[PDB]
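**Student:** The hints should help you fit chain A onto chain B, whose structure is shown.
There are 2 protein chains.
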Amino acid sequence: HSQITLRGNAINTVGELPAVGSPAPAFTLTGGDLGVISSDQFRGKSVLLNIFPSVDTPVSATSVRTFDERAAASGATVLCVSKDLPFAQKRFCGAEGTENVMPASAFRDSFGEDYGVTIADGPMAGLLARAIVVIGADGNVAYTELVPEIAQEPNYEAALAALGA
Amino acid sequence: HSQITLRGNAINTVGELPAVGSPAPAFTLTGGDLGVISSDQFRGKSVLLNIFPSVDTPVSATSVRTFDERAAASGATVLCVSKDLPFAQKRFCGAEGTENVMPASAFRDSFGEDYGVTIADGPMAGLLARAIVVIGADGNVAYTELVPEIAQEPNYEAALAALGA
Numbered sequence: 001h002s003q004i005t006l007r008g009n010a011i012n013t014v015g016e017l018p019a020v021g022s023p024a025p026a027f028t029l030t031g032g033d034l035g036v037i038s039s040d041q042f043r044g045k046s047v048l049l050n051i052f053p054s055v056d057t058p059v060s061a062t063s064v065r066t067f068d069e070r071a072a073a074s075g076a077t078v079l080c081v082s083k084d085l086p087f088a089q090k091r092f093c094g095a096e097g098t099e100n101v102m103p104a105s106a107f108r109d110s111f112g113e114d115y116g117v118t119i120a121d122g123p124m125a126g127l128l129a130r131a132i133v134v135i136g137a138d139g140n141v142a143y144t145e146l147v148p149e150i151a152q153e154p155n156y157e158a159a160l161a162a163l164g165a
Numbered sequence: 001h002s003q004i005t006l007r008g009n010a011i012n013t014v015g016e017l018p019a020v021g022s023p024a025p026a027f028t029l030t031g032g033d034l035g036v037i038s039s040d041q042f043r044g045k046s047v048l049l050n051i052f053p054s055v056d057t058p059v060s061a062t063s064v065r066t067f068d069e070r071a072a073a074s075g076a077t078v079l080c081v082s083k084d085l086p087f088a089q090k091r092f093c094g095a096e097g098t099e100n101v102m103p104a105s106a107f108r109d110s111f112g113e114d115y116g117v118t119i120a121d122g123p124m125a126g127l128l129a130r131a132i133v134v135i136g137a138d139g140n141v142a143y144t145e146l147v148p149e150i151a152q153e154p155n156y157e158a159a160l161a162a163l164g165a
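Chains as they are written, first to last, in PDB author numbering: chain B, 1 to 165; chain A, 1 to 165.
Calculated from the structure, these hints are not laboratory results. Among the hints, erroneous ones may be present.
20 Å max Cα-Cα, derived EDC-like pairs, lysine to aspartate or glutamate [what the hints assert, rightly or not]:
{"id": "1", "chain 1": "B", "residue 1": "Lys-90", "chain 2": "B", "residue 2": "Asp-68"}
{"id": "2", "chain 1": "A", "residue 1": "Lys-45", "chain 2": "A", "residue 2": "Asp-138"}
{"id": "3", "chain 1": "B", "residue 1": "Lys-90", "chain 2": "B", "residue 2": "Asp-56"}
{"id": "4", "chain 1": "B", "residue 1": "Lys-45", "chain 2": "A", "residue 2": "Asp-114"}
{"id": "5", "chain 1": "A", "residue 1": "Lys-45", "chain 2": "A", "residue 2": "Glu-157"}
{"id": "6", "chain 1": "B", "residue 1": "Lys-45", "chain 2": "B", "residue 2": "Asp-68"}
{"id": "7", "chain 1": "B", "residue 1": "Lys-45", "chain 2": "A", "residue 2": "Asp-40"}
{"id": "8", "chain 1": "B", "residue 1": "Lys-45", "chain 2": "A", "residue 2": "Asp-138"}
{"id": "9", "chain 1": "B", "residue 1": "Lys-90", "chain 2": "B", "residue 2": "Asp-109"}
{"id": "10", "chain 1": "A", "residue 1": "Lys-90", "chain 2": "A", "residue 2": "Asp-33"}
{"id": "11", "chain 1": "B", "residue 1": "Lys-90", "chain 2": "A", "residue 2": "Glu-145"}
{"id": "12", "chain 1": "A", "residue 1": "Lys-90", "chain 2": "A", "residue 2": "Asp-56"}
The following block holds chain B by itself, in its conformation from the complex:
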């Protein structure tokens, strides 16, 4: 089980991110329209998981906008994964015009425990930590970042080099 900071104060996740080279855990998430978004849908393609506390937080929202702009440019598949309700993700994407990213919600699924990423303690317990996971066409993890501090933006450049690779 891992460790990050929220405003310089130490907090814990419930596990660890999947190891590079190993099989990315299977997932079934909830789409904006309450449909499913299964890992099986991305098999044989690369996908980046942009994992964060909430679209309704500022660094998280910025990451959605930045990945939407950058994906737009390249046809990259980016999944924006959080504990938001589907309705919040959808409302955000619709308010902002952010239409390359696919929002997906972990509100009724095991994603957060499975990816080691649920915050275990402090003010944000139950949300997902800020992390990036690149899953290759192969289904195995190509690259990961656990952002050290929650108020820090993800490393977009390293995540997307991994993804294009």
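**Tutor:** Leaving out everything else, chain A in the frame of chain B:
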């Protein structure tokens, strides 16, 4: 998993239809000549999946005739998907002169499980529930309908509006 009615009576499907905006589950199906239809062959254009119990049931047969009539005018791609053996679909289309739809059998493929439309229980266990999926040119799901009651026809207009790019 999802739930529908058959003549008012609650029935379950094996899973859930994919969220609009997410990658359409890949498939292979069997065409009237016992060849392979693959989801790949449609990439670049919108395709509408008209999914139903059987050509040899009336509402289902009506949906095929109605999509044929409409797709013939616009030249839209409509695939008629069921657990019927290929020979029934082919016979139906030939008896009825419905030459604009493409029939496709899941009788030896995982379509129904993958799209979550296979009925779990009752008299109709193992048949595909009545549903529409429109896959855009990009291969993402553009539109879904799980018809609430099996005895009811699908919403042609809303499906066809999504199919028109």
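**Student:** Evaluate each hint against the coordinates.
**Tutor:** Hints, verified against the model:
1. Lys-90/B / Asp-68/B: holds (14 Å)
2. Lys-45/A / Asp-138/A: holds (8 Å)
3. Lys-90/B / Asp-56/B: holds (11 Å)
4. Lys-45/B / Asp-114/A: holds (17 Å)
5. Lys-45/A / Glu-157/A: Roughly 19 Å between the alpha carbons, so the hint for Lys-45/A and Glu-157/A holds.
6. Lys-45/B / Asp-68/B: holds (18 Å)
7. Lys-45/B / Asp-40/A: Holds, because 13 Å separates the two Cα atoms, which is no more than 20 Å.
8. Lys-45/B / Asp-138/A: holds (14 Å)
9. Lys-90/B / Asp-109/B: holds (18 Å)
10. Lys-90/A / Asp-33/A: holds (8 Å)
11. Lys-90/B / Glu-145/A: Holds: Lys-90/B and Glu-145/A sit about 19 Å apart, inside 20 Å.
12. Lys-90/A / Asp-56/A: Judged against 20 Å, a Cα distance of about 12 Å means the pair holds.
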